[PDB]
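Here is how the chains run, residue by residue.
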Amino acid sequence: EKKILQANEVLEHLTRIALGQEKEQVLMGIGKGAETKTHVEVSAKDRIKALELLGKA
Amino acid sequence: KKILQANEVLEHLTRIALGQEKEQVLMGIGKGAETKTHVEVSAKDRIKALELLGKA
Amino acid sequence: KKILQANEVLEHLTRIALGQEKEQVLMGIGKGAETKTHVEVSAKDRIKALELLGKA
Amino acid sequence: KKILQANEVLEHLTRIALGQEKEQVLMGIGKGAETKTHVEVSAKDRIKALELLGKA
Amino acid sequence: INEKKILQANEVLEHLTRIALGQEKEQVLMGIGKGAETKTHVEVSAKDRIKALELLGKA
Amino acid sequence: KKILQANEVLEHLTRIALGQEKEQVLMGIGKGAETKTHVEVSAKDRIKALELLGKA
Amino acid sequence: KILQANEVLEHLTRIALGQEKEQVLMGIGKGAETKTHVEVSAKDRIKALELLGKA
Amino acid sequence: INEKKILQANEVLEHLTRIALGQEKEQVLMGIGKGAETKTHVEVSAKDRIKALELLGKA
Amino acid sequence: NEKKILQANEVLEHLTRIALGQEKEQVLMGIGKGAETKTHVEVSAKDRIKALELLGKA
Amino acid sequence: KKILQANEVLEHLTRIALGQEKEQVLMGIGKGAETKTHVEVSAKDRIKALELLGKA
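Chains as they are written, first to last, in PDB author numbering: chain E, 64 to 120; chain D, 65 to 120; chain F, 65 to 120; chain C, 65 to 120; chain G, 62 to 120; chain B, 65 to 120; chain H, 66 to 120; chain A, 62 to 120; chain I, 63 to 120; chain J, 65 to 120.
If you are wondering where the hints come from, they were derived from the structure by calculation, not from laboratory data.
Hints may be right or wrong, so weigh each one.
Listed next, the in silico EDC-like pairs over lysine to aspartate or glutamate satisfying Cα-Cα at most 16 Å (straight line) [to be verified]:
| no. | chain 1 | residue 1 | chain 2 | residue 2 |
| --- | --- | --- | --- | --- |
| 1 | H | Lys108 | I | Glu64 |
| 2 | A | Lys86 | J | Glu85 |
| 3 | I | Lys86 | I | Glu104 |
| 4 | G | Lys119 | H | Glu104 |
Some but not every residue of chain H turned toward chain I, in silico, with C-beta under 8 Å [claimed, not checked]:
| no. | residue |
| --- | --- |
| 5 | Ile67 |
| 6 | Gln69 |
| 7 | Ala70 |
| 8 | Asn71 |
| 9 | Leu74 |
| 10 | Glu75 |
| 11 | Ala81 |
| 12 | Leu114 |
Just so you have them, the derived chain F footprint on chain G, three or more residues with Cβ under 8 Å [unchecked claim]:
| no. | region |
| --- | --- |
| 13 | 66-73 |
| 14 | 109-118 |
Just so you know, even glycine gets a beta-carbon here, dropped at the ideal spot from N, CA and C.
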């Protein structure tokens, strides 16, 4: 569906990030230079940006 | 030729923000050799898309 | 569908500032292999939280 | 000598934003050796294009 | 209702002071060999201490 | 001698934007050894040239 | 408990004068590292000079 | 090589122009194998050319 | 420790030393197989230019 | 205990802009060993010097 997020919906997604509920996909080494995809928790720097945006709203 | 309109810009930003998009990056396959693969758009990029959608 | 209220933003920033949070990172385990682990949030990120708390 | 006009700039940013453009990068093929290859334009760059498109 | 902790203005300054006075550490990954790492704590860096000092100067 | 004037600036940015230019980069040839080679101008740099062309 | 303006300037001065150190990781071979102290960098000392000049 | 020369306005723009037109190079370190490096010259990068162009447009 | 505060004039004298190429900074230098030693190197151009920028504004 | 005069700032900036200055860097000589060497000041730094001279 063609969807445009409205203001409250932006804040709901930002809230999930801030609360530590989201992950992101990165490459992880598995030996000798080979890598696999994996998910990690979203980093503090990103959570803080989400909080900073929430606090401005 | 296509110029994306203001609403079209917000729709693409939304796809990104909602985690529906990928980007192509290089992944190690061993001994320095790499291959092209797709990964999810990173949180930092999603947060940028959210930030712009909040300014809409 | 939660939206963090003003107080709740500051409470979260406080947890970070006070050194109570961690972040998940990749740590080398030899010859290119890595494992996920948690490390304390960095001083740079804590100081940003402190700066935000000082403005509030 | 050509100068890209207003509408032309937006046409080019649109191709980028839509995921239709590539860039040439260096990819490993083993033991330090690299080859030139094309990859999709990254999400960060698409986001910049979408931002510029949204502000015109 | 349980009122969770929000750091107060004086307390932000007290934490920044600890940092600026060189009394704080952060956890980093340190190399131990062959691509392997271990966790250790290091003194907060001069760059971070200067950011703290700057914020203290303005407060 | 030559000072580029405003239109000449826009002509050069136009070449960059249209993907007609290259830059010289160091490419790996094995075991740390490198060679000077040329690759297309990157999307980030093309987008900067587009941004500048749109502001004119 | 809280550094006041003058103590801030004293601390920035120490840094600007090249009297301060910071802890960093130094290689000791084969990927291993040890913690050591190094003089605070020129970039940092210049930031401190900049803040001192605006005092 | 006069050590006390000061560039005039038009000489600044002449120098930026040489950069923009791809006439200049910079000295960088290039790998020659097993960690050994040599000094070499490369063309000025597109990023630096674009900054020179931007400056010329701001004149 | 022996406390001191730099005055406006001392700020400029120390920037001038940097800008004139008279100062050094400590860095780590490789000595082989990943091992490093401390060494002193001249202050970099980028840092001398920032000093010159500040001196120019004063 | 010199303080650079305004003209002396510009003279120094001019040396850099004209390609006459060098900076000291570390250069690999093999197996991880490095040596101090001098290289020309980079284009990015020459361009900054140019920008500052242009504002004078």
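Going down the list of hints, with the structure as the test:
no. : hint                   : result
1   : H:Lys108 with I:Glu64  : violated (24 Å)
2   : A:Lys86 with J:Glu85   : holds (14 Å)
3   : I:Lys86 with I:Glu104  : holds (4 Å)
4   : G:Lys119 with H:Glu104 : violated (26 Å)
5   : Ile67                  : violated (17 Å)
6   : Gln69                  : violated (12 Å)
7   : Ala70                  : violated (10 Å)
8   : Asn71                  : holds (7 Å)
9   : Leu74                  : holds (5 Å)
10  : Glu75                  : holds (5 Å)
11  : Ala81                  : holds (6 Å)
12  : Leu114                 : holds (5 Å)
13  : 66-73                  : holds (count 5)
14  : 109-118                : holds (count 4)
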